[PDB]
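Novice: Just need the whole structure built from these sequences, with the hints factored in.
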Amino acid sequence: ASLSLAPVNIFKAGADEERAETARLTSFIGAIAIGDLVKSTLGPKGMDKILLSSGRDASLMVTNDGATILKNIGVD
Amino acid sequence: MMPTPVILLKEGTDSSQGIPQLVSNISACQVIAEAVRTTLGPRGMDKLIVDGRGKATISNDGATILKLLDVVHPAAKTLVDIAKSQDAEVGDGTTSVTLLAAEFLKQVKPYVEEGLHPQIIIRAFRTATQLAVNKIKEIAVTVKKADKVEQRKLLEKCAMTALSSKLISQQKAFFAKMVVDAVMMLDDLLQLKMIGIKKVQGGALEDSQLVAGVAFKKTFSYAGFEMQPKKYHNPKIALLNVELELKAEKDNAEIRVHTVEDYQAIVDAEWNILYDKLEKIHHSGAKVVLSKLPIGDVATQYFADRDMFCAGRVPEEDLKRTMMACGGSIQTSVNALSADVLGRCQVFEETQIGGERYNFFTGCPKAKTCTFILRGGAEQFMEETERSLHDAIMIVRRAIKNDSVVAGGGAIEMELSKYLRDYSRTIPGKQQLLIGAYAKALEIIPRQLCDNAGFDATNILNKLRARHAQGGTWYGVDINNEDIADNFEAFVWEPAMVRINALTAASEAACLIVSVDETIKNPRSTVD
Amino acid sequence: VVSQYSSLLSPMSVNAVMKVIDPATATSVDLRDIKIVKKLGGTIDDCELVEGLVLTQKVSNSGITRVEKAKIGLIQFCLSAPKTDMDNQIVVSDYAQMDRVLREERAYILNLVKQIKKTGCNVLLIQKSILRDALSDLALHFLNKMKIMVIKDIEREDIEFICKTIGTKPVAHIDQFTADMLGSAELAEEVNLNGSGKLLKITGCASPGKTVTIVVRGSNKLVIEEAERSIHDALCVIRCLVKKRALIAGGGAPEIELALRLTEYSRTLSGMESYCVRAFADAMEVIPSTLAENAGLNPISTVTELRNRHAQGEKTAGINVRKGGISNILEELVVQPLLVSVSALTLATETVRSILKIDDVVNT
Amino acid sequence: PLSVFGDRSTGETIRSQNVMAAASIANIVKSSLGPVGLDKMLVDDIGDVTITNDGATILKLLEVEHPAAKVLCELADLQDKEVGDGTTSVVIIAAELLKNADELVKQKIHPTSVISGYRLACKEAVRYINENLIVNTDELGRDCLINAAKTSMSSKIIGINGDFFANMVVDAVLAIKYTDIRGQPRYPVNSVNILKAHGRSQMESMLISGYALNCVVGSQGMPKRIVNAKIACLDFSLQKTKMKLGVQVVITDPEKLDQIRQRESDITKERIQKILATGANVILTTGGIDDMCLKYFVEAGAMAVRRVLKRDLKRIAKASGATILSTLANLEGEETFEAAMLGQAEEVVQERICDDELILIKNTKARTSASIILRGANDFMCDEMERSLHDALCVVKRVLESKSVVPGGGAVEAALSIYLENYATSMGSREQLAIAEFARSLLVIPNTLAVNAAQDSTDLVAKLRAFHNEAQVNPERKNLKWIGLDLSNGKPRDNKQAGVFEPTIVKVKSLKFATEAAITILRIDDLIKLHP
Amino acid sequence: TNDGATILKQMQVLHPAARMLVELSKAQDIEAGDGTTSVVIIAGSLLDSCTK
Amino acid sequence: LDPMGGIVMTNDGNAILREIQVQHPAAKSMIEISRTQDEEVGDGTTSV
Amino acid sequence: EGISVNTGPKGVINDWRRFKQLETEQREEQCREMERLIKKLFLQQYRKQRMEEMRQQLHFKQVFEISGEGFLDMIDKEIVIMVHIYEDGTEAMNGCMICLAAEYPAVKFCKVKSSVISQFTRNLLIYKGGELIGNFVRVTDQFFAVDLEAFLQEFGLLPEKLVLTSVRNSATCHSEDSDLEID
Ligand SMILES: Nc1ncnc2c1ncn2[C@@H]1O[C@H](COP(=O)(O)OP(=O)(O)O)[C@@H](O)[C@H]1O
Ligand SMILES: Nc1ncnc2c1ncn2[C@@H]1O[C@H](COP(=O)(O)OP(=O)(O)O)[C@@H](O)[C@H]1O
Ligand SMILES: Nc1ncnc2c1ncn2[C@@H]1O[C@H](COP(=O)(O)OP(=O)(O)O)[C@@H](O)[C@H]1O
Ligand SMILES: [Mg+2]
Ligand SMILES: [Mg+2]
Ligand SMILES: [Mg+2]
Ligand SMILES: [Mg+2]
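Protein chains in written order, with full-length UniProt numbering: chain A, 2 to 77; chain B, 1 to 528; chain C, 175 to 538; chain D, 4 to 535; chain E, 71 to 122; chain F, 51 to 98; chain G, 51 to 91, 136 to 153, 158 to 164, 166 to 177, 181 to 190, 194 to 222, 226 to 231, 236 to 254, 259 to 277, 280 to 301.
Derived BS3-like pairs: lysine-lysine, alpha-carbon spacing no greater than 30 Å straight-line:
| hint | chain 1 | residue 1 | chain 2 | residue 2 |
| --- | --- | --- | --- | --- |
| 1 | C | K319 | C | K243 |
| 2 | D | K313 | G | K213 |
| 3 | D | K102 | B | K430 |
A few chain E residues that don't get close to chain D, going by computed Cβ distances all over 10 Å:
| hint | residue |
| --- | --- |
| 4 | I100 |
| 5 | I111 |
| 6 | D118 |
| 7 | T121 |
| 8 | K122 |
With beta-carbon atoms standing in for the labels, derived distance ranges:
| hint | chain 1 | residue 1 | chain 2 | residue 2 | range |
| --- | --- | --- | --- | --- | --- |
| 9 | D | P70 | B | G355 | 52 to 62 Å |
| 10 | B | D517 | D | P70 | 29 to 39 Å |
| 11 | D | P70 | C | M260 | 50 to 60 Å |
Note that these hints are calculated values from the structure, not bench results.
Every residue gets a Cβ at the ideal spot worked out from N, C-alpha and C, and that includes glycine.
Specialist: Take a look at the structure:
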């Protein structure tokens, strides 16, 4: 009997949970998305990415660095 | 009715009067009793109440359950009040009072509904209650032997009976022996504040212990504390109320100097004041220093350099308990630190208990206190263990006052019911029905015990009634054996004052409820 | 709830079943041959087993009731003015025809009623009609003048039951309405239920059919419905005796015997299937626990005593609520057909096997 | 885990809820019991006012939502239908039975044992009533009927005037007596037309030795009084003849239109000519009469009344010897009207009753019929008079049909309580408690009677119980069975001598219905209320 | 009512397994007529054991 | 002053009590008494 | 993305239906209100109307004043039903309904405010069989009881027209048990 799939509700409002297959699916989806994002910036013929900040500063950056690309993005 | 352009009372005033409001009051008292019925007996169950902030409270004590219930019915608040009254005066019977009061009201409800004058019912209740209290005082068993071993056994049995309804009933003998040991060390006033109760999470219930001394949690040790030795074999304890740190001499003090030499002199003077206090403490021969006020880092390091122990910000109650356990005196001034004002104990140790550091003062032959260190699996676990131990402690103190006991398990209730029925059989007849109703209501306790245990209540009640009528005084409900037995020989003992106060408070609550004919509720002000 | 009224309803149910089937050469019971009529008022002690049929329809012919030696006739045509199947109109262009229309309509109705009366009929049942008026005022007046008790608005679905009970053959055209198509009965009487309604009862029929009627009375509607359901359960039990004529003890005895024997059988198996069969036996042990519960008995001790008694060899040992213990129940006369326990076991196992072969739920 | 879209109350919760509902229904009507009872005023949402003491009426008018309350209301309705009296006592007894049964259940007594004890107690109560407490009315003469009527009309708006209303009721019931096949008398109450009209005091209520019609003659031309009346009762309208739906008039020669139109009314003209030529004086028809035919009736000097009620017409025809004629058609296909179809009354008049008129068919031959005209202060008072009068008529019918009566004022209840509490010592072990509680429940009637009079209910019921106990124990004190309650003075009284009687059927049916309703409610221990 | 089939059918159960149990009671009513409560109890107990 | 806009100007008891709307059932009873007295005899409407 | 959710909403079908019933009631009220709310947004001098007026006073109760639930469930169950929407020329309309109600017992004159039901409030609904047959809005543009009577009879909505008995005769309707005469 799963924690979320039970006749009695055991969580606060808004508290989710993902069991084996769903957790694996989400983890793999996130990892693959990150890897596909950073790649194509790899090797001598890699290309650059434009990062438009949504903040009030609206800072614009073009970069080929994986750390810089991954640092300045909203990840959930 | 009529509009009456200018009305008498404020708009929205609600009034109810007559027999219907009395019947409603009786029903409300029934509801309050039902809210706590199933907690009575060795088969009773706990109740969990969640407040508006989400905090739960798992409890078995009737007074606690009723207090956590936000009762607003004017008639129902009387049951909560009498439960609290019994809790304060005696400490046990907080469920029996509510059950008895509600049963009295239920028994007189049929007579109320047919228009019997409430004053008649009140007179009948008063007469029956005074007769029952006199009977209890008459048939209570007391031992006029001045035997210390017999008195100790009596206290242990009473504590065991008080404990055999809580979650610690499995270790009730061990806990009752420990409680009796605890209470016997109090000197003459049996002050509850002299018995410390500390709760430490983790550990089995059997890991809980009673300290023949004082123990309290470590209190925000400063830097250099870990360099102090953590065990002494005959320490002299300095109980102080002193702030040992560099600080302004007074809040309104001001220093006015016009020479750098005077500046240096003032700095060295502050340092010398602190070192003079510390040196006066050290030359007293003390090895452990406890202070109500903070002890600074400078003093901590100074004491560490001298192989001394220091602990500041000790709570006031803990200092008082250390005073009473070691035999010193709390000093606000260190100028005269004689040997008279210094505590003494065989062993002081700073050990660990379940992820917490505790200071232990043991080996105190002249100690007038103790300390309970309860171990449990959850916060509510230790809270309810503390509540159960509180009930046992109050029972033991009351028994210390006078060693008058009666058999429990409904035996005393059945005997009183038989006596009251026999008395009511010899009166003209208007009072006879009401006294018989009182006696029948007295049978609620064994019936509730049987219902909680899953018995067949009717057969047990019939057996008890036949046994009491044919001879036999201390026969009550035997929970384990599905049957009835002599509870006095089974060591199901209670102090007589418990039942005396229960009957008195239940009768007073019933009389107060019956005496009311009208309820008026004014409209609320400043609801916001 | 009708357990108190058992001495009245058990023989009633047995007679109701035995009066609609042949005792030999019968392999099933058609419960649609036992009509249940619910009438509010009175108590359940007033339930009856009317041999004939009971009609809720009221007698149109006011003033004539309780005809003896009735010759019931059932018609399916209409006693009103002539009307063809296709659309018809009568054109009047002269006052002579204007009077002749009424005269000839009256003559036609009178001839219809005279033909009906000539056969000796004295009770007439008229099927419900929706298109044309089934019973005109003139026809009712003529039938009343001939002393015939007229009963109209008979439902179409009740024709088969009425013809099976009384013995009447339906008539759809007046040319065929003869004496042979009349169901002779001993008495056809309309009675009142002490101010709680009016019931039309045709009791006593020459060559009676294989149908019975049970009239259920009660103080309130809910107890009446529950009495009807309980009587239906009793009839179904007797039917279960009719097919698969085998009787076993009740009182949880078959269930506990199943648990014991299936545990013993599981001891002789191996692997995981032994565990599954043992769990099956433990599950079968539930019904005796429930019977011991709800009765004030200690469930677990009672079940252990039953299991011990059955292991001793008492196949008929069961729970005795009257004595509050364990005793032989055949002496308490607690029996049920085998095709109740067998059916329940088979159906429950089938449903469990079906559910176990499910691994996902999809919302359409 | 149930996943049922609805609430669910189980066990003691639902049992106590059902007892609450039944007790509330009882307490609604408990104040309208016995001679010292008081009426209630019911005001609907639109503003209509209903002042009544009848329990069945109160329970029918009130909106009710709880199923157990609905059960008790329908129980009162059934008691009203089958008996006509005791519609409040049955509800009170049923509610008290539920209260005591639930109290027994709360003591871990199984409900099945309580139900069995209730059944045994009900059967024994009926048997004891039929064997010990019944009084045969044969030797009591006419005084028994008057006393039963007076007892039934106590606690009613016409209670004080019982001395006169009881004679009126007894005469009215005896007027409609008839014997059917197999030789027993039957009294078809509800065949007495009760007409209400405000005006003079209650003492001016009239018992018509005939029948009273709440209608008026069709036209002002016809006389309002005919001495030797030949009533002709018809069940068809007397208007211009319109051809049926299947017949249509098509004209190709224009000369026939006038003849067609003439016949269109000449048909009805000829029918009325036959009716008047037979000698008829009064014509009553359920259908209408247009002015054209009213003219024939005026010229002939005869009274014609239209839109007469069907039941009124049937009663008039039965009492006067007329035959209802839905059509004028003999067995040889002709329009005719024989003189043998005419009823006869020795006077038919139209009297003015408080600025309104109504026909009074007086002293019909071949049968005696009765009608009652009630005069009160206003409509509400007349309605309450009618309800109480119907109660009294039903009671007199019950007494005349079954010739046994029992003492009133709670004598039967107290005797039953004593006998049942004595007899309960022999049946079983827990049905002992059930029967004892049945006996205690039976005592609610004297308690309510006493408390409604602001008397000492406890002492009075204790005295009554002592009287009945001494009567049951002492062999030669069997004359104390009739000791009941005298609410005017608040002391026990010999009710058989005091003339306080009621039909045995009232008590027996009340007990049976109350027991069954209590069993039905008590059989429940779980409630599922699906969300609508 | 006390009839198991009537009780189960009267109240909506909203769950697939519960609905299959309802139809089980219906089938037992069709073939036998009584025992509609026992069959549902037996199926529930069997699945309860299936859990472990 | 009627709800229909007309004006009833009188000192007769029955008219005054007839043109008045009340909510208390006892007041309705009194109005009915006035009407009954007026219909039965036509006089003494104020006295009753 | 292609979740094809399995027993996900199933665990919350109870709450889903709990809100489903409430939204069903809300949409029922909205449908009843909105269907007419904004959808629409000498013989010549009447010699006989004075005679009709003077016959009208010869007869008293009042029209029924209805919340939204009451308006819904009064017309949902059980004849022509007239509903008058007023906020507080409504007095003349009220008087006309009062006068017409007595002479036509069949009709079901009643009134209700628009507050319990902002363009409609600032500036007569007629039902028959649960559906609106009357087609009149803002009757102020186009008065006494005869005016309303003629206005409604022009479109044939008022049923055609009773003597006054003593007070009443009927008590109950049930099995006859009428007069019977047997040998
Ligand atoms: N061993 C026992 N056997 C039977 N009854 C007992 C036993 N111990 C205590 N009781 C009964 O339990 C009751 C007390 O229950 P408890 O809830 O602990 O306190 P309170 O008096 O506040 O209800 C007493 O009336 C006593 O008679
Ligand atoms: N004159 C009387 N004296 C004493 N008791 C009476 C008298 N008249 C009636 N009673 C009792 O009052 C009880 C209540 O009657 P009532 O409530 O008026 O009838 P119902 O139950 O049909 O409304 C009856 O049981 C009857 O026995
Ligand atoms: N001139 C008079 N002198 C003394 N009394 C009078 C005179 N005229 C009338 N009355 C009395 O005053 C009362 C007038 O009542 P009235 O206003 O007529 O009431 P109602 O309209 O209800 O009849 C009558 O009872 C009458 O007896
Ligand atoms: Mg205790
Ligand atoms: Mg009565
Ligand atoms: Mg069965
Ligand atoms: Mg005057």
